[PDB]
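Heads up, the chain below is alone and in the form deposited without the partner chain; it's given as structure tokens.
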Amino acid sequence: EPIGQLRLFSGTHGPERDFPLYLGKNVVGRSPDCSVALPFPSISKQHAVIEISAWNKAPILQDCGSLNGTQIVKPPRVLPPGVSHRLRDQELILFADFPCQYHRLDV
């Protein structure tokens, strides 16, 4: 059962898509093996990981040394690879140039 969601906003690539997030490691990448599978050449095969230890705790975001990077939107900062980021409800993140928004979900 999904305990969060990453919304990939619509844009020139096409319509909005929501990706369910689950307890444990949710890898963001350009592969169908990823919890957040993003079929864009600018996303790396293993781009980022969102690790959710507990439904009652903030997910932890890390970039995995991607080519095009992961950026926090506010305050606007590149997330250096391997540095942990506590993801807040409603927070925007950029994977390469694609904005995404995290939301914690009910079941």
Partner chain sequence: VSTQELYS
Given for the second form:
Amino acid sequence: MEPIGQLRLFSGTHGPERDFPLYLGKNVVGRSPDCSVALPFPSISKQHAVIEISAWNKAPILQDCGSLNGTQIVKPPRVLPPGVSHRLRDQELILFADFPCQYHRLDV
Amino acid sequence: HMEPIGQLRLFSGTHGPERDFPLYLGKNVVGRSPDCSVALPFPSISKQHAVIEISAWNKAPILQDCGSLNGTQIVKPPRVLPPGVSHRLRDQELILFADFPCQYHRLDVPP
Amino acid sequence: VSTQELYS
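Pass me the form solved in complex with the partner chain as well; I've looked at the form deposited without the partner chain already.
And the full complex, kicking off with our chain again.
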């Protein structure tokens, strides 16, 4: 399967940027090295959030999985309540705990 | 030529690759004008958009928005920075100028 | 290990 999106974890205290590919289906974000998008940092929940992608040409849906430190949309600033679906927009900035990320749609 | 006390990273994006800028003691103006300390030559950036002021060698920089059209936002916690309000910058923290994410890093230098 | 809470 070719990736259809990217999650960019920006550079920070943890070192240079890390880029994670996003595929059709369930892409789990969490600390567990099993996760599709493994962010191995103590403040990230073991199962933190899920990005669900139904097709290359459909917006991903992000949901927080009841994480301890939350998932936020950076701009406009919002807290995502557990279990509520949010459609991701290309270039949208997301916080998983204190880790800023950016979602990019790929082509095609 | 003095030694930069910090730096501002403009992340790569649809606009092009990453750019990095020195921040010095004193006033550092962020804007689209090409003679700004931090020149972000994008039309959505105001001519004088924001300023990062470093009052003294070992003091956290203060970021202020200069009444920019498209705004400055603090990323964590996520909130608009109203014009004139001083925000103390923390190492590795991200800031949005308009829609462009940028990161501040403190450099490990003597006076 | 459980998740580390973020505080100040």
